[PDB]
Every structure is written in C-alpha cells, then in structure tokens.
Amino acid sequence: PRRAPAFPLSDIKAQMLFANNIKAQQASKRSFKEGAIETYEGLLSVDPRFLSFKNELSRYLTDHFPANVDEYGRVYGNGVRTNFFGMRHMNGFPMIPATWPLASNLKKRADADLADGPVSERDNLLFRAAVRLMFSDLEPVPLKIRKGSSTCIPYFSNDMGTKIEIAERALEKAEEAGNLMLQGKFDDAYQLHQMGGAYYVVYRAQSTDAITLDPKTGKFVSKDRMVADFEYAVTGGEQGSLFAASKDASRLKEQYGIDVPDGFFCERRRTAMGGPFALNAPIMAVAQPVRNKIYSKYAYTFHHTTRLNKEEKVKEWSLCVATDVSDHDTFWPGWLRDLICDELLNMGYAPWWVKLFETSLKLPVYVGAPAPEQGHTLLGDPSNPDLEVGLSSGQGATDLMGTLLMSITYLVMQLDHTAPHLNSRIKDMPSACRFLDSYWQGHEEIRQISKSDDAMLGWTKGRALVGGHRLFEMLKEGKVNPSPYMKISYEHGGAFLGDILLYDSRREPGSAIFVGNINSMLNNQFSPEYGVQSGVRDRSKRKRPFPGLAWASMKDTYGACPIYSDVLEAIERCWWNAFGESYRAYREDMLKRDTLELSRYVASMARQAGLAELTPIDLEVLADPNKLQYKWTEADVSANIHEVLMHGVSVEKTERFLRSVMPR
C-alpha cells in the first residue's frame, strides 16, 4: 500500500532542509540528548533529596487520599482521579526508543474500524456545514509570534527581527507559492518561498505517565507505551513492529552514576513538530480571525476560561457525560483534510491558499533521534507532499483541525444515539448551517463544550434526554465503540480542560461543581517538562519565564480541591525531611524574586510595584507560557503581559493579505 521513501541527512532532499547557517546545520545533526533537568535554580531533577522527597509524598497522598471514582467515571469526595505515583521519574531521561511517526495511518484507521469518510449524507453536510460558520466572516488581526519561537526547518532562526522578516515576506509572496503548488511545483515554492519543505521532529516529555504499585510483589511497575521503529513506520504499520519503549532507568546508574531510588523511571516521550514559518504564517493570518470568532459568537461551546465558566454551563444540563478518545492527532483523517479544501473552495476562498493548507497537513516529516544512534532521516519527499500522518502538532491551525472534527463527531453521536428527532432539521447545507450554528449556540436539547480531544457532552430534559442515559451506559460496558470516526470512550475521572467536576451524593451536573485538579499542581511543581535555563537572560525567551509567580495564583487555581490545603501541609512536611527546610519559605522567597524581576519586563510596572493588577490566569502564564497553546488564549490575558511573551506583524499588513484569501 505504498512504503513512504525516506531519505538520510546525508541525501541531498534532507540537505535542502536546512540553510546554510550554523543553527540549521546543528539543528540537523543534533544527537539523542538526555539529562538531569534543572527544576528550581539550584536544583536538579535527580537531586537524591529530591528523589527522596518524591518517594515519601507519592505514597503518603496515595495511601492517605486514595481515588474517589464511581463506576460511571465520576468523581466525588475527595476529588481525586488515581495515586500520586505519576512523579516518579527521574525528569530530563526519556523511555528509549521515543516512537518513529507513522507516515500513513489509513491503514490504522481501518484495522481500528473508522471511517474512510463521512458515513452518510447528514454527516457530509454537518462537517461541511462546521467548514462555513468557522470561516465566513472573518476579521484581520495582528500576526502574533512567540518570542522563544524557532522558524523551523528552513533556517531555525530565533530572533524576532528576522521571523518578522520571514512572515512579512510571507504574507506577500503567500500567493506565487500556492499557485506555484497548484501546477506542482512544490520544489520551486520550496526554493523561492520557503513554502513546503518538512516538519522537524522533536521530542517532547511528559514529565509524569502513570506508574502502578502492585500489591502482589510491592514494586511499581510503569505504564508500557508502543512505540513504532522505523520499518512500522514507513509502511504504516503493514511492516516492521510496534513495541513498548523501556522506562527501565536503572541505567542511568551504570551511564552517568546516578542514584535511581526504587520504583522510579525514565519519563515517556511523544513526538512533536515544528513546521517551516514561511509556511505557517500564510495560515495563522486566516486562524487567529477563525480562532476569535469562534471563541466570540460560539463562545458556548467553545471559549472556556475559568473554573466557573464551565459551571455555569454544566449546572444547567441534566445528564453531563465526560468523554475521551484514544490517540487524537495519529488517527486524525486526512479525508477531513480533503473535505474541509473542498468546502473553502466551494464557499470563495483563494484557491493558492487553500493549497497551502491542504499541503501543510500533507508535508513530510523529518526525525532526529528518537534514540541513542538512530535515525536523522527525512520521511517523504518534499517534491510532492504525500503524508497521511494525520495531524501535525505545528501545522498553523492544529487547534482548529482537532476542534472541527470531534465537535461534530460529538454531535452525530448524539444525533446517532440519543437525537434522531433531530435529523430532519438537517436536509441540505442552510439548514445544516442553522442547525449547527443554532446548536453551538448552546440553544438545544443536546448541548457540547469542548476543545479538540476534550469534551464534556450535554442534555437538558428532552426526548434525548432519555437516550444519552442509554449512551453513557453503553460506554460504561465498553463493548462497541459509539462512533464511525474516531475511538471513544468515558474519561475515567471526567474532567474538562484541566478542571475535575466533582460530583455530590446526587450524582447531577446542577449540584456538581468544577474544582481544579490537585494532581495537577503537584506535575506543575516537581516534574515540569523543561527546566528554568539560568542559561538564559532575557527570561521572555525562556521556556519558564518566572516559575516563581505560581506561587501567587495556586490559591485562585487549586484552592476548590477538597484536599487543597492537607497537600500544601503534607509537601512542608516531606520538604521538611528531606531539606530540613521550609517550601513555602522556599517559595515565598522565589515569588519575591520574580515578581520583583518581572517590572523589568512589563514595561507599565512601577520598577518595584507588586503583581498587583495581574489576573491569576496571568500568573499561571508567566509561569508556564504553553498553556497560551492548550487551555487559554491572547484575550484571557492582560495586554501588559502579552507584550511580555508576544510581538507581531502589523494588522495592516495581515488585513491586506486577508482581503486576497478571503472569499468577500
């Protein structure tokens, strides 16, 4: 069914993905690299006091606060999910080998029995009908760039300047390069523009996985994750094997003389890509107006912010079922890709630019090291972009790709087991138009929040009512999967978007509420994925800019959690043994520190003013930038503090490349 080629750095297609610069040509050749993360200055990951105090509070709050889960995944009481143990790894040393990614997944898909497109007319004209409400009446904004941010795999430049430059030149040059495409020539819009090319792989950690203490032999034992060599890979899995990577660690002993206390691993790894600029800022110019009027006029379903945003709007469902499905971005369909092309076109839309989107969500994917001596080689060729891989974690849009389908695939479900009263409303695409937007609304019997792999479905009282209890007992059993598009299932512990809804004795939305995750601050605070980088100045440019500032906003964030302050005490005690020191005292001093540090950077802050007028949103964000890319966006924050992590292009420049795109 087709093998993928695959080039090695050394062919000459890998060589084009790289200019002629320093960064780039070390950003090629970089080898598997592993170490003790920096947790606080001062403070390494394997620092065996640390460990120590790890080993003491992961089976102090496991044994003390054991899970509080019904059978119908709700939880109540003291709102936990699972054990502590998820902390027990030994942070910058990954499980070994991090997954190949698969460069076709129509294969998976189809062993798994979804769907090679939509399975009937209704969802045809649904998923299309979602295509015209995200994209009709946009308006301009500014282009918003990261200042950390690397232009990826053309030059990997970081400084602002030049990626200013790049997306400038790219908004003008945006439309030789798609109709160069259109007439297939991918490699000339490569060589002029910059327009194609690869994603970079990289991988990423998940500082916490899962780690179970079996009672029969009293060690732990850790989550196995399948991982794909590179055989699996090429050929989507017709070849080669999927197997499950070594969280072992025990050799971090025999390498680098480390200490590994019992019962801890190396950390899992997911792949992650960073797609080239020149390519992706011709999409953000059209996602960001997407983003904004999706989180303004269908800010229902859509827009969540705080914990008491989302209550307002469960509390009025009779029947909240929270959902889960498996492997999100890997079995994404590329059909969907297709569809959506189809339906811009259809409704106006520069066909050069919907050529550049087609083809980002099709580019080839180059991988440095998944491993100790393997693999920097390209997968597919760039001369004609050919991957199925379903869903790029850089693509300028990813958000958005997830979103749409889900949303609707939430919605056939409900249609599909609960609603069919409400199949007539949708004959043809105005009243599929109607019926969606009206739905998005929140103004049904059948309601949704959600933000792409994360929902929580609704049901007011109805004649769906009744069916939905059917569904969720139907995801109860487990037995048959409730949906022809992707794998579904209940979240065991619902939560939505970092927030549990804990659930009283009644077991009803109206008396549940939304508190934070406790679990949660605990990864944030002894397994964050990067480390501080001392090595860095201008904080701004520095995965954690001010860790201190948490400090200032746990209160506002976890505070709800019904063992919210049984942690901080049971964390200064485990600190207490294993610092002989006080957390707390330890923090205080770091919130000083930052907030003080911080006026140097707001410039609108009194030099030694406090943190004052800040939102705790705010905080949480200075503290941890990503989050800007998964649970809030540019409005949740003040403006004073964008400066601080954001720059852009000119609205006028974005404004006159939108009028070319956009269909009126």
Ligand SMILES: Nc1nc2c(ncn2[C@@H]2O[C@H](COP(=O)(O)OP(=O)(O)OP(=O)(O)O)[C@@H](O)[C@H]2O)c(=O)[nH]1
Contents of the next structure:
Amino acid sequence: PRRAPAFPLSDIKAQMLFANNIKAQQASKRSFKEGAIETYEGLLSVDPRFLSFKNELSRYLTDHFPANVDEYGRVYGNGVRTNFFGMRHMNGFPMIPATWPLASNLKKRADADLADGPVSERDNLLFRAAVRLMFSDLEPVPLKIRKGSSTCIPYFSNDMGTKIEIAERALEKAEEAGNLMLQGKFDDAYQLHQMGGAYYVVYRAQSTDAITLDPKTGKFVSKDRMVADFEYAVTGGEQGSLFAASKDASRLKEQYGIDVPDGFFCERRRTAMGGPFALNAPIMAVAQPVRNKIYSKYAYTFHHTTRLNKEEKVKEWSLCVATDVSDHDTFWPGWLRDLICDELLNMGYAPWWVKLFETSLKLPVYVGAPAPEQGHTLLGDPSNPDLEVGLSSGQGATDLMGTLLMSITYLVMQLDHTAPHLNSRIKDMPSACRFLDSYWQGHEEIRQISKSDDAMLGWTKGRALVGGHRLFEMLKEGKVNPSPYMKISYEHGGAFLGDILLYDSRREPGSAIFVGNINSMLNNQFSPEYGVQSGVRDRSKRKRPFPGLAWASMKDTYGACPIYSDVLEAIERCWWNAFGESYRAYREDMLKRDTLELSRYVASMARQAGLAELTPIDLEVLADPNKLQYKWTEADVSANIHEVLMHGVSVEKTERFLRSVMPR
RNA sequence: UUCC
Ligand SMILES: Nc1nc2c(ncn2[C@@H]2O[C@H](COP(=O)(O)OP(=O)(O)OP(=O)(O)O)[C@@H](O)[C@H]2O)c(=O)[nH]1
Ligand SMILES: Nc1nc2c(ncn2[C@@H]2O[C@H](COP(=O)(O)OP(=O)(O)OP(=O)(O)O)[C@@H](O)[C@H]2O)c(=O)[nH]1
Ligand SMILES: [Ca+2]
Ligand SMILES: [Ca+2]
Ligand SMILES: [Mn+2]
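Which structure goes with the form solved in complex with the ligand, now that we have seen the form deposited without the ligand?
The next block holds the full complex; its first chain is the one shown before.
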C-alpha cells in the first residue's frame, strides 16, 4: 500500500525514455491499433471464405472428437483434451480492455495467502541451493541477439549493426553503470549507458482462449479475462476495479464493416515487457551460460527436446502429476529476486552486476496503449527503481527466474506432502546443494521435469509414492492449495511442453505415451499469433520467416496423435468446401516456395538443395522463431539455421566480460 | 516495426 508514481508522456521523466529519433518517438506516441492479419500470404484472418471454413471445421471436430480426459485430468483415447472452438477468433482484433500492469503485487499475493519469503529454513536453503547450482561453474559463450528485435528504450533500433554496438558497449560500461547504481545514482546510470529507465509494454496476443458452446442457448461463450484498470494497477489492488475485458467482436461490423459470424470473438491479449537493451544485455550475457549449465548437467529435469525424449523419463515413474500455476508472472515473488541476488553476492558475483540484475527486476514500465484513449503513461519513477510487478517478461533471464522459482517450489511441494523422510538430508547449505543436485539429475524417488511453471511431478516405487497419490487426490479435490508460494493445481488434460501425455485404460506413467497436441496444430495453422509480414523484406526479421516449412515438420510433430489422419481430412474437406481449392495443395506450394526462398538465406543450403538435412526442429523454428525462446535452445537447432535467425557478439568480448562478473 |  503506497500508490506508485505515474507520469504522462509529457513529463520529462517519460520524455527521457525515448531517444531523439523517429522510431523512438513514434513508439512513445503509438496509439491503440487493431486489424485483420495476413494469416497466410494473400489471405486475411477475416476473409469470409476463411471464417466460414473456421466455423465449419471447428464445430465438426468439437462434435466428432470430444476430449478424452478423465476425472483426474489425464487424457486417453483420441488425445483430444478440449473442444476445437479455439480458432473462432478474429486474429488481429484484441479483447478491449487489455490490462494495466500492477505497480506492486504484494497485496495480490498476500490476499491469495502466499508467503512473503521462504517459510521454513529448509526452503530458504533449497532456494539458495538452486541459485548455487545454477550460477555455479558457468562457461562463456557469445552473446547472441535475435535478428530484427527492437532494442526498445531508449533507441528502438531494429538494426543488427546498431544492436551489436549497443551490446558490446554495454558489456563494456556494464560495470561502470551499476557501481553507479550501488551509489544510488540511477539517473546518471541511465543517461550515460542507458541502463535503466523502463520496460516498454508490448502486447503479444494469444490467438486462442477458451470458447464454449452452451447447448442450452445455442450460442457461444468467451472465457472472461480479468484486467486491472489504471487506478487498480497503481494502487496494487487498493482501489480501482478489476473486470473482464470485452471480447465481443460485433463492434467490428459497425466499425470496419466486417461480417462477424456468430460465436467469433476478439482475441486475448497478454502483456509483456520490452526491455532496455543496454541493461538486458549484460544480463543475457550471463543468462545463456546458466541456461547452458542447467540444460546440460541438470538435463534430466530441465532439457526436453522430443516427445519421445520426455516419454523416456516418465515411462519409469509410478506416478505422474501434471501441475498448473495460473498467472505465474504477476505472482512471481519480489523476494525471490532479493533472495537470489543475496545468494549471488555470497557466491562471489561482482556487486555491480548483481546490482544491475536487481534493478532490472524492479524497474518501472511505460504503458503504451492498452485500449483506445489510454496509455502513454509511465508507471514508477525511474530515478528510483522500486516496482514489484512480479516477473517482467522482457527481462534477460525471465525463463531462469520462472524455473529457479517453480522447480524448488515443486520439490518443496513433494517434500511437504510425500517425502518427510527426506528432510534430514537437508541440514546445512552443502547438504542442500548435494540433495538438490541429486534431485535435479533425477536420482531421488521423487522426480520432476519442468520449464518455468510447466512441469510434471513424478514418484518412483518407494516411500513417497503413497504420499504422492494423496497429493494428487488433494489437487483434484483442490479445496486446498498445496503450496505456500504459488497457487498450484492439477492440469485438466495434462500435457508437458506442448505434447500431451496419453495414458491408456491402465492409467500409468508406464504404458502412457506423449503425442503432439492436435489442437496446438490447428491453432498454429489457422490462428497465427502474428501475420506473415509480407511487407518485411528480410525474412529473417519476421515473426514467421518461413511459414510454409511448418508443413514439412507437420506429419512429424503431430503424427503420433490418434485422430491425426482424420483431422487432416476434416480440413481438406472443409477447406475445399469453402475455397474450391484443396488445402493439401495450398500448403504444398507454400512449402515449395518457402523452401526456395530459404535457400537464399542459408549459405550451405545449395541455392536449391532440398530441406534434405534440416531437422524437424529446424523447421518449426523457421516457421516460428519465437519457439526458440522456450521449447528449444541454440543447441537443439542446426548450426547454420541458427545463424539465420540469430547474430552474436565477439566471444572474445563477452568472455572478457563474463570473467569480470563471475566469482574469481 | 512491439520483449526474453
Ligand atoms: N518474454 C516473454 N516470456 C513469455 C511470453 N509468454 C509466456 N512467457 C513465459 O511464460 C511464463 C508464463 O507462463 P504461461 O503458462 O505462458 O502463462 P501465465 O501468464 O503464467 O498464465 P496462464 O496463461 O493464464 O496459464 C513466464 O514464466 C514467462 O517467462 C512472452 O510473450 N514473452
Ligand atoms: N521464455 C518464453 N517461455 C515461453 C514462451 N511461451 C511458452 N513459454 C514457456 O513454455 C511452457 C509451455 O508453453 P505452452 O505455450 O503451453 O506450450 P507450447 O510448446 O507453445 O505448445 P502450444 O500449446 O501448441 O502453444 C510454458 O509453461 C512457459 O513457461 C514464450 O514466448 N517465451
Ligand atoms: Ca501458467
Ligand atoms: Ca506458446
Ligand atoms: Mn502442462
């Protein structure tokens, strides 16, 4: 309770956030904007033929293939875990009130009965152990930058050249600034090395949310989505309201003269931080090496590539629970940040860098335009970083923050309800590192596989096993939250990292298999999160460089699905039905075309040799480079293919930097 | 042209 400082774009504090160039300026002023997307080149998400197709196809599947999810959120049968009404959105038009970020989430947490720090000393050691194991013996790698991404505040450059400069410069003066912040001279810090200021709110829209058909009425329903209005966000819950955004698509007709079929809605719009690159870089410089560690040494619980690779691990469990956290980001504890920095200091990380890290995690945020007639407000004074927004997504290590948190959270959920007999193994700090280390390599009778908040908890034949079953039962009755840190619960129709866990009549981690989620396929093919940006000349700077290729890796990724074959026909039909064309064909050309274009961007790729030596991963990643942020890493992607989408800095330079940072 |  304090009420955070807000400033209008006019205020000098806001002005200082955007540089004296066009891109910057325009970003500061950009107003609300919506509109159809080019789902595929030449086709609009709103084309009648298409909406019609979407309407027919979505009903037919929902009708003919109802989910096969048991009383325990385990999917069996057809692998369908929910209706296919996902696609019924006007991709391009967001739900309208689109939320404001909270200046502070303490009340939010408290009011949800979640701790304001480790509750037991054990946990305190476990969290710190996670910090220890994770930032331990890190090994330097080039700092790689996504091509065509915006440096955001204060420049907003798109230019790989300019970025590499900003970055190299950053790693250079990174220490200077920061020692500057230790002195509390946050402004000097930003003015001289543009490290600070604020995050720039960016609205990644999730093209498909819950939509249902009330048999009773005959009309559809959109899962209400709660959004906090300004007053709410500034007071952190104290005043203001928190209502549902308006997903009604009818407006589209009166506004833009677009025929909106019944049961079609505006999409859900998640918000996300555009991090000040000057700052975000010195962080990524360390983040990636950490990534490399946990993904290697602790690959059992952290590195998951294929649906068979996962299957392997879960096959040996005697119990497998698919957990679920909702609104992970806004709940993320401020104290885990401070805990972490503290441990990092103890471990011996240069202060200034830790100080950069900290600041990075309590920075103000500039809200663009959440709705028509809104925004252009900067929350939190940048001269004195003190926000508690939870976990600012743009941040260089947002994925590591989410795991360091939930991994320990989950293990603690297991220690708490199924393996008391294990506590004695966690006496001092070391014992903890030792134990956590074992747990992470998948060597205890309790096991885990995760990514930030997505995970699967397992128990092997042993003592805990009986406890496990109790926990699972608790999550089903779900009248009680099993954790003191986050609100956890069982995932109805459990799946991990995009593949669905398909049990059979036996219902055991043993005879169960993993299969790509079919709905995911449908959503990806007919409900892209971004359009094809045919405007953008350089395809490697687009959100979907090579849309067409995804067709190749399709049979592969979604092959294992039970009703696969069927779906492909339902489509073929419904498509041919509303277009006269054959979908199979469409994608086949698209594939052929894109395959050619690709060879232009890939060197070794003989300027016509086939997709020959490209791995499926390589494909889905070229059709969607965003997946390189979560589901895959530099290592699971073909060498040269990675160069297409990324560009790094001289190792000689990042290495020199990494050295000055880490514990001597 | 708006993030990891
Ligand atoms: N930088 C970034 N991270 C993202 C983005 N989307 C999801 N994430 C990552 O995903 C996590 C959020 O978990 P999700 O399951 O996607 O969503 P959520 O906000 O937790 O809650 P629900 O969507 O309601 O289940 C965070 O830890 C973020 O780091 C995005 O657009 N940008
Ligand atoms: N850093 C980051 N993490 C993400 C992003 N999207 C998802 N994640 C993380 O990865 C997990 C699985 O993400 P999902 O969106 O459920 O799965 P998916 O592989 O994209 O498959 P679909 O269901 O088809 O969208 C999440 O729990 C998040 O923590 C993203 O843009 N950035
Ligand atoms: Ca979640
Ligand atoms: Ca996703
Ligand atoms: Mn899951």
